[PDB]
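Only a single protein chain was left out; the remaining protein chains are all shown in position.
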Amino acid sequence: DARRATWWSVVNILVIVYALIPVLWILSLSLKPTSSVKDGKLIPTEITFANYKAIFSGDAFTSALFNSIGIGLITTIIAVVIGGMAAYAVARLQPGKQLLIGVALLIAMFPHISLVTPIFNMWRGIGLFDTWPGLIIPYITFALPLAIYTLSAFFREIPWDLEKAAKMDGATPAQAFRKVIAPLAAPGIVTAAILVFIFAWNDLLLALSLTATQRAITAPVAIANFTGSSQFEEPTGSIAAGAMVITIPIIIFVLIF
Amino acid sequence: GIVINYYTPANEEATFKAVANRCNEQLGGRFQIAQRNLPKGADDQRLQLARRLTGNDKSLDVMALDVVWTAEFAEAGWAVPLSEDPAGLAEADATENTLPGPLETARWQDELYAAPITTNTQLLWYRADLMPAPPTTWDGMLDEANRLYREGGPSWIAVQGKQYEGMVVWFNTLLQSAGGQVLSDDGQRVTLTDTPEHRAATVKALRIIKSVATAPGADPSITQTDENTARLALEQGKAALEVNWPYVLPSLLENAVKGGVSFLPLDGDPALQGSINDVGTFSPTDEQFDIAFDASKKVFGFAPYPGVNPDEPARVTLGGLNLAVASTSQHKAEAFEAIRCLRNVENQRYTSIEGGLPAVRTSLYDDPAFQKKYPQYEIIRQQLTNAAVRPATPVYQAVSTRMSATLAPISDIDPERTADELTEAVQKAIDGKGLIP
Amino acid sequence: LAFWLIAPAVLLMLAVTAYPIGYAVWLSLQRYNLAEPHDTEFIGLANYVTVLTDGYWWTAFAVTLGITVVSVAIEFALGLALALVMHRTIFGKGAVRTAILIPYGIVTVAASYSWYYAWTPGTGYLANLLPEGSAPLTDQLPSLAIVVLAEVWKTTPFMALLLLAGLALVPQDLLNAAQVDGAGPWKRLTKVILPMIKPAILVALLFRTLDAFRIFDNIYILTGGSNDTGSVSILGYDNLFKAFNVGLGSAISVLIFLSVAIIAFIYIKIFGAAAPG
Amino acid sequence: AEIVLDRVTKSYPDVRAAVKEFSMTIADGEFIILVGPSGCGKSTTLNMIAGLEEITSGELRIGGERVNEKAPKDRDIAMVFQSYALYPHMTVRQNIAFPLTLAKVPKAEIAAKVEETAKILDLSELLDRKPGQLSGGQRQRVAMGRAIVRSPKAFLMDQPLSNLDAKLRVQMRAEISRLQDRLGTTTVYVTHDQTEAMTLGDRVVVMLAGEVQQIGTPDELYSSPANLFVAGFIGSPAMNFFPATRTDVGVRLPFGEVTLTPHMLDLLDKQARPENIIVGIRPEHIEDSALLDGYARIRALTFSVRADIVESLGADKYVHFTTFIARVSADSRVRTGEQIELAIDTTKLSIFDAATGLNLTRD
Partner (left out) sequence: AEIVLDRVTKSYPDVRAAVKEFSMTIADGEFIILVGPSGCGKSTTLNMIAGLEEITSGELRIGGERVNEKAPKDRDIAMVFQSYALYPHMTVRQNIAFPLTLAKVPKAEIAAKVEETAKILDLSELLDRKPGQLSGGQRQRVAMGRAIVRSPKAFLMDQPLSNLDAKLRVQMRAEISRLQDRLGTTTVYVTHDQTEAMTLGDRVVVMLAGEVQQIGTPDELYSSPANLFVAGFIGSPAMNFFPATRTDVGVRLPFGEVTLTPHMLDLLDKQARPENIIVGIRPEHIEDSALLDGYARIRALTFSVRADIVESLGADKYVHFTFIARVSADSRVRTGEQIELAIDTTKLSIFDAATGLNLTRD
């Protein structure tokens, strides 16, 4: 069946290279010596590792990963465990009113510049400025609306007959969920946790407005305010190496899944 | 223990980290200076400091704030008056050996709020193999660039062209060198057109900028050129004329002994090997220093800033860094001791010779070996006698943001229309009208 | 059950919206400057009548409108394509799904730097393809175009994964019946697949349209505020941390919060499909 | 448990009713078959009894107490759905054993009863394959099996055997009665295929338009139909019907006249005879009048007709006629286009009011 299989393989390769090309462009810029970072050529030649060791001769990036993965995978769970209870309630019963959906939608927006404004004033008197007990609070408030609106708007649509059959065989609702809903909602719900981790680990705008010290300097802001360690040399290879080390937890996780 | 966090510009860290280490060996472990970074471009340094101050950051100890912000940070009470000094020594050490001009920028309404640590007037730089002597005037630069463009060489005139404080230092330098000024001496009144002579200066300055922005074979990236873009372009050999501050040298000789410079390869020379130490400090034996420097004079050179009018010495604008103790800090007396420590004369010497930043203590102009080791010293101190100042008001960063927004993108400037824009926009900034762009 | 089950979540949410957003509208009613911490006074609608009137606000608004509507239209259209080939895969078993995650998984700052260097003249692999003197980062409409392209590449898996989840429920019999009544791929896709998936597309496209409206990083790194352009998310940030006007910067926050809340209302009211029905 | 229903009623937007003041009773251990037209309200009555749907008005009593608002868990019913829904991921064993897992039974005993269910149901090999591999009647078998493992107070079933071949149907039908009797539990069956109803049904309920029409035994429903609709609705082919008029010894017909038995005349003397009578006869009572003996003749009427069409299913010729099928025995020599004479024992007739449809010969 070559008429399908050749086309299908070409498209399967096309999406593979399209998902890689900018990541490979980062790796090539990272590995080119300072003589050839300016060469305008994608394929690297006469490779070096100088930029990586010039980052690792500094605690800044590791301490940024060390704290960022922490806040990211604390919030990706400790928000979602409350998000799931309210999402189940809003799917099963009527707190699922239009006003709860509208409020969750508005907060889903709560564009973070509009939230960091009032917050920054609060933390002039309240303090808690550089420690995690400042950053996580607006993070988790960004991580209940997603992990609520999407979470219910997906698993509430599971077929009624299977829910009737579970009720008729006499299951208690909160245990009927784990035995009959969760095992078949999972391929449509694994994405909710991934999208929240990809947000709670992966925003600059909060930390860029609400951190300064080494305390809680998260990996995105620790690149966005960074520029190459050699003040008298071209910064691009070091920024590229920085971007490269920043990708590592995500690409390792995607290769695990 | 006790730590004084010292904030300085990113691009001023290879000097400041190594001197903070020197000072920590001198203090005897009572307390330590720890160096920290603000952003590269000047306007982003103010942004990041104003956050740390406003958010009551307890870690912030001593600031290298830019020479132009002293009025704002004194008026807001964020930087201490020097009369806060727990030992009573600060106003004396601020006064005793500095210059009249550098020490005057630290005052707002008479009282000092800071102690100078660096000062800088910009210079013209040129490829000495591509032209015999640098032109004394902008029209001469346009001529040499237009000639080099016809001749097919690196004809870019590299200049600060991004919408940032840099772009405004240039405009103030042309206007003050043409004898005009942006604001009155009381800071109350806009002066680009209170009289036709100031307008004539203004439109001439704008027409110069427009001409160099539009000339055949000009840099297509000029509207995005930082000072770092300008320096690199010259280091990449793409520009034959460059207008920057007293820097370059550190990156030049460094990049040359790294072999990154096409016209000055020094990496291939066995006498210059090992010059760059493990932390990246240019540190040759002085015979190798002289070999590398003579090899530089053989191809590359520097000169006093170009005139607007023929036979007029240029009124170059001041730059610099002023230290102050931050109002939020716990370790006030230790921080005042640290400012007096970092301002010592051997660390000033070190700063200029190992880094490029011109020190502000005067006694080094009386040192012949310093006068050899920092070749540009004579023309810096000469230009400083003639220097223009940014217009001192607490309001200033609003004026810089509104004024620069009238000019970018540089190529579109009608001198009459944009003089009108400046007279409106600067008035609007003084009045505090509208959103800042 | 359900009025016990919302309690531990709403307990937090209600506080972290109510204090900040209420305090925002209070601050916007006042003259207030970060340099003069308690030395300025109540001012009514002064911040509104200024921020709604100046030219800069309407450009920074109109640009986020253009960028959101253009970037979502493309992100949607390519989102279906990535979803379909991830769902009906054959030769790309496992790998076809695995390669689709990383443009979501990368940090947006790193992506934006990569695009910035990709397009920078004389030092960018696709920049080298332009005729000489082009330098696209320096000009308004080209700078919009490259940030659209950067935003679109970064966002597409947001669409494609949600739309695949929305498609994966569709029972195969409905597609067999369409195929045996002879609806070719586009006929079924439009008469069966989209009408089945309606609610999940309007959810996905809503949260994208909001995200694409409040996006900041992808224009902050790629020439932030550079030669007009910019975005209302930048304009508000600047008027707060580099002009110290709390009165005006909060008024920008309120005026965008209302002007996005009507968009969140329109896809609930006009198109109907959302979480409750 | 007992079950009783008190004018239970259901209605929907258009509003229009779907069940209308229905009342009924089921003794503990009874076995009731619901039977009626397509679309008439069957599934909804069963769903409201099961608690999977909400009654509009009236009362439902289970155990003898009222249960209207009580949830499906509270009612202890096992149900098999009108479209037999299934859990698409669960392997067959678990798809069966699931209610035993809700009961938290010891796993060895769940697995044992999972084997007993598969054996009694003839789930052919307890196959443990995805439900997507057994489309057709294999799916319907698995869908029924979950119910018969539970053995609760009541079974509620909705055309449980529909997609089965005949050898499976009759085997399953016996398996249901064995299970029902061995447990002694109430069964409320539902079908519009009728021989399954008549052989199972210790009590058949006929319903039309959301309303009950007759409640009774297989014999009462066959032999004392309450009206011409139920008379025509029970059996196959439907009751042959004719207009008729009363004589002082019996009745006129489109081909002759019948001397009616004195017992039926006494019933026809209850109130009065209508201006037209619909007489009705089962097609399978009609036979070739050449075949009768004297004991049938004395109570026969005969007429000849041309055979409009003919078929045979073996046992019987289905021969068409018009003023109909005569479902005559295959012993008749008839072919289409021949004259043939049709007769029956008039003791077997039915008669009905041409206005209101009620049976006049009601025993």
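Chains: A, B, C and D, in written order; residue numbering restarts at 1 for each.
Operating definition for what follows: a residue touches a chain if its C-beta (ideal position, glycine included) is under 8 Å from a C-beta of that chain, and two chains touch if they have at least 3 such contacts.
*Asks:* Among C:192, C:263 or C:273, which one touches the chain that has been omitted from the display?
*Replies:* C:192
*Asks:* I'm checking contacts with the chain that's been left out. Which of D:233, D:321 or D:324 qualifies?
*Replies:* Residue touching the chain left out of view: D:233.
*Asks:* Which residue among C:129, C:180 or C:262 touches the omitted chain?
*Replies:* Answer from the full complex: C:180 touches the omitted chain.
*Asks:* With the full complex in mind, choose from D:23, D:57, D:135 or D:304 the residue touching the hidden chain.
*Replies:* If we include the chain that is not displayed, D:135 is the one touching it.
*Asks:* What chain C residues would touch the chain not displayed?
*Replies:* 171, 173-174, 176-177, 179-184, 187, 191-192, 195-196, 198
*Asks:* Write the list of chain D residues that the hidden chain touches.
*Replies:* Spelled out for chain D, the touching residues are 12, 36-39, 42-43, 82-83, 124, 133, 135-138, 141, 159, 162-168, 170, 192-195, 199, 222, 232-233, 235-238, 282, 284-285, 311, 313-316, 327, 329.
Note that only the chains that are shown with their structure count from here on.
*Asks:* From the mean C-alpha coordinate of chain C to that of chain D, what's the distance rounded to whole Å?
*Replies:* Those two chain centres are 62 Å apart.
*Asks:* Between chain B and chain D, what's the gap in Å when you average each chain's C-alpha atoms?
*Replies:* Comparing mean C-alpha positions, chain D is 100 Å from chain B.
*Asks:* Quick one: report the Å distance separating chain A from chain B, using the average Cα coordinate of each chain.
*Replies:* Centre separation, chain A to chain B: 40 Å.
*Asks:* Where in chain C do residues touch two or more of the other chains?
*Replies:* If we look for residues of chain C contacting two or more partner chains, we find 241.
*Asks:* Counting only residues that touch at least 2 other chains, which ones in chain B make the list?
*Replies:* Residue numbers touching two or more other chains: 51, 54.
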